[PDB]
Amino acid sequence: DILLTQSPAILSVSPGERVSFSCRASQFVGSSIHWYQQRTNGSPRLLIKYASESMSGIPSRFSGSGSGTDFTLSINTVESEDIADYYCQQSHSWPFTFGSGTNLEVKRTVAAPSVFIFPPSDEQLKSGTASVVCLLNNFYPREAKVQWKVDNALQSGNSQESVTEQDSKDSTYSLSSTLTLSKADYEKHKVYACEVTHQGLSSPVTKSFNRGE
Amino acid sequence: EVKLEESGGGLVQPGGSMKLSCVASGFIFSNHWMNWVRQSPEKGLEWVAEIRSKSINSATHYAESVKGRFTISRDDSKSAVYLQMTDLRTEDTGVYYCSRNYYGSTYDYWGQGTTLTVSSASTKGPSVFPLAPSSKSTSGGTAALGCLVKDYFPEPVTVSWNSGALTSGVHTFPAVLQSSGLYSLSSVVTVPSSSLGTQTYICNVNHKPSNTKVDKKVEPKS
Ligand SMILES: NC(=O)c1ccc[n+]([C@@H]2O[C@H](COP(=O)([O-])OP(=O)(O)OC[C@H]3O[C@@H](n4cnc5c(N)ncnc54)[C@H](O)[C@@H]3O)[C@@H](O)[C@H]2O)c1
Numbered sequence: 001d002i003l004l005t006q007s008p009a010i011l012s013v014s015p016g017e018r019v020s021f022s023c024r025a026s027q028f029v030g031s032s033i034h035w036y037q038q039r040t041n042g043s044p045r046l047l048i049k050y051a052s053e054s055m056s057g058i059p060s061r062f063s064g065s066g067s068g069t070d071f072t073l074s075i076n077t078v079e080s081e082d083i084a085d086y087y088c089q090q091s092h093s094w095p096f097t098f099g100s101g102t103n104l105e106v107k108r109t110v111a112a113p114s115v116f117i118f119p120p121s122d123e124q125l126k127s128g129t130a131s132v133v134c135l136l137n138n139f140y141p142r143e144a145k146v147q148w149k150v151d152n153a154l155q156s157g158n159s160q161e162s163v164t165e166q167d168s169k170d171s172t173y174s175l176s177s178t179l180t181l182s183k184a185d186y187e188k189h190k191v192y193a194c195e196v197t198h199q200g201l202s203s204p205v206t207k208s209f210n211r212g213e
Numbered sequence: 001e002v003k004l005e006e007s008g009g010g011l012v013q014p015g016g017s018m019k020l021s022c023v024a025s026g027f028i029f030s031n032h033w034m035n036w037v038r039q040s041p042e043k044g045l046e047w048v049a050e051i052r053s054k055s056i057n058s059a060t061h062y063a064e065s066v067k068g069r070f071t072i073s074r075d076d077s078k079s080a081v082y083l084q085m086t087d088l089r090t091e092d093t094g095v096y097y098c099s100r101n102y103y104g105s106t107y108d109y110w111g112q113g114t115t116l117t118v119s120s121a122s123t124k125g126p127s128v129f130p131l132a133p134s135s136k137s138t139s140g141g142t143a144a145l146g147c148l149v150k151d152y153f154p155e156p157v158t159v160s161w162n163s164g165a166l167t168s169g170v171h172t173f174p175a176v177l178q179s180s181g182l183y184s185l186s187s188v189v190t191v192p193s194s195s196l197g198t199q200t201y202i203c204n205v206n207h208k209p210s211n212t213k214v215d216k217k218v219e220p221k222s
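For the record, the sequence lines run as chains L and H. The first sequence lines up with residues 1 to 213 when you count with PDB author numbering. The second sequence lines up with residues 1 to 222 when you count with PDB author numbering.
Treat the hints with care, since some could be wrong.
Think about it this way: if two alpha-carbon atoms lie no more than 27 Å apart in a straight line, the pair counts; the simulated DSSO-like pairs of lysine-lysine are [stated by the list, open to error]: (1) L:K207 to H:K78; (2) H:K43 to L:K190; (3) L:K188 to L:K169; (4) H:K221 to L:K149; (5) H:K136 to H:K221.
Short, incomplete list of chain L residues facing chain H, as computed with Cβ under 7 Å [to be verified]: (6) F28; (7) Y87; (8) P95; (9) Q155; (10) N158; (11) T164.
In silico negatives: residues of chain H with every beta carbon more than 12 Å from chain L [to be verified]: (12) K54; (13) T86; (14) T90.
It is worth saying that the hints were derived from the structure and are not from the lab. Even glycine gets a Cβ: it sits at the ideal position worked out from N, Cα and C.
In isolation and in its complexed conformation, chain L is listed as follows:
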């Protein structure tokens, strides 16, 4: 079977610049390389067929070239809308195979997160568990640090984080951190605090509440 190698697997470019994705076939595939774009939570969308023929409705900044075993997808001016995974596929011979995909990150200016803390709902507390959520909204770059403090005691091993993929409208990330305690442990303490550090914050940001206020 023909292996398609997409390397690098990750590309990061500034807006307005050109980017090129590489697809190399382990055997001759002629011109029979097709490119797909898959946005987060979306389905693959055919962009270019047969190395260089762009499909109807595809923006003109997308082009493709190559033949034999070496192929390139190019985006002449990159916008945040182009944030996606990009896959090549050969139909030179059977079975058809896909590359492993290259992810496009689009750089942007530093954006500090907006931070929000959520107490556990009264509803959940009746079930004997407390989840406390800290939200970091629409920040860049991706690196961020969240610490949980409960009556100023640093928490460990009882939180989990989730990060969105980069947003294709504003090139930012968002992050949730969820602190999970038993109701018994939750009611033993007063001050619940989420402390956030990020390149865009000149000093760490703390969001807190007092249990029952």
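On the provided structure of chain L, position chain H with the ligand as indicated by the hints.
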């Protein structure tokens, strides 16, 4: 407009069976070759099976990794293509796309995918709790609120806001597997703080494997 719509995914034990369906519209179905293509973090995009036109004996072809276990079929009267999976393995887990291939070239149309989980664990429907805005969730003119969708299995759940009328500012986070073996996620949205208490915010959570369809109104607290 071409549309492809899959269904039938969900949870099944190792060694089990499951049949996926896809209904097509917007092209002459009986002339064209229908495919299943799956996607997983480990293997990426992977062609699974194809059935060609009745005019050429409805010929079927399978990836080597599913041959002898999967059967692809079609019903042209219903514009439907099916994938009967048997003897399922953990590594068959992933998102299954219905797709048209143009006579041995491009996959030129794709469905939205249906998720298969092969696992010995049981289905569990989520609990939905509000992430209630206050002033510690108000950043100037912007407030945040959301829904915590906790303790469910398997993936996926879908979350909409105000029956899909509210999409700007929404972030539905990737699910995280908890140490209990159950998933949890939050969906949040940022809104004008002036709209708290004057506009209604409802998260619509759907977890098909448990037939969970919950609408949770998220209000500021007391
Ligand atoms: N010999 C050819 O048919 C041929 C040759 C060269 C290029 N093309 C191109 O191929 C495209 C589509 O060709 P096509 O034949 O697949 O569809 P078509 O778009 O040309 O359909 C034309 C009509 O033929 C009938 N038709 C086609 N398949 C039918 C079926 N299974 N059952 C009943 N009626 C059917 C329908 O009435 C249909 O409205 C066209 O854009 C054409 O330009 C076709």
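Hints, one by one, checked against the model:
1. For the hint linking L:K207 to H:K78, the alpha-carbon distance of about 56 Å lies beyond 27 Å, and the restraint is violated.
2. About 47 Å separates the Cα atoms of H:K43 and L:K190, which puts this hinted pair outside 27 Å; it is violated.
3. This hinted pair does not check out: L:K188 and L:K169 have alpha carbons roughly 43 Å apart, beyond 27 Å.
4. A distance of roughly 23 Å separates the Cα atoms of H:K221 and L:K149; the hinted pair therefore holds under the 27 Å criterion.
5. Pair hint H:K136 plus H:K221 holds up; C-alpha atoms about 12 Å apart against a cutoff of 27 Å.
6. Because the closest C-beta pair between L:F28 and chain H is about 17 Å apart, greater than 7 Å, the hint is violated.
7. Against a cut-off of 7 Å between C-beta atoms, the interface hint on L:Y87 holds, since the closest Cβ of chain H lies about 6 Å away.
8. Interface restraint check: L:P95 against chain H, minimum CB-CB distance 6 Å, threshold 7 Å, status holds.
9. With a cut of 7 Å, the hint placing L:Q155 at the interface with chain H is violated, because the nearest CB-to-CB distance is about 15 Å.
10. With a least beta-carbon distance of about 10 Å to chain H, the hint placing L:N158 at the interface is violated under the 7 Å criterion.
11. For L:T164, the shortest C-beta to C-beta distance to chain H is roughly 6 Å, which falls under 7 Å, so the interface hint holds.
12. No beta-carbon of chain L comes within 12 Å of the beta-carbon of H:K54; the shortest separation is about 21 Å.
13. Chain L leaves H:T86 outside its interface by the beta-carbon criterion, the shortest separation being 21 Å against a cut-off of 12 Å.
14. No Cβ of chain L comes within 12 Å of the Cβ of H:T90; the nearest lies about 21 Å off, and the non-interface call holds.
In this structure, the hints that do not hold are numbers 1, 2, 3, 6, 9 and 10, in rising order.
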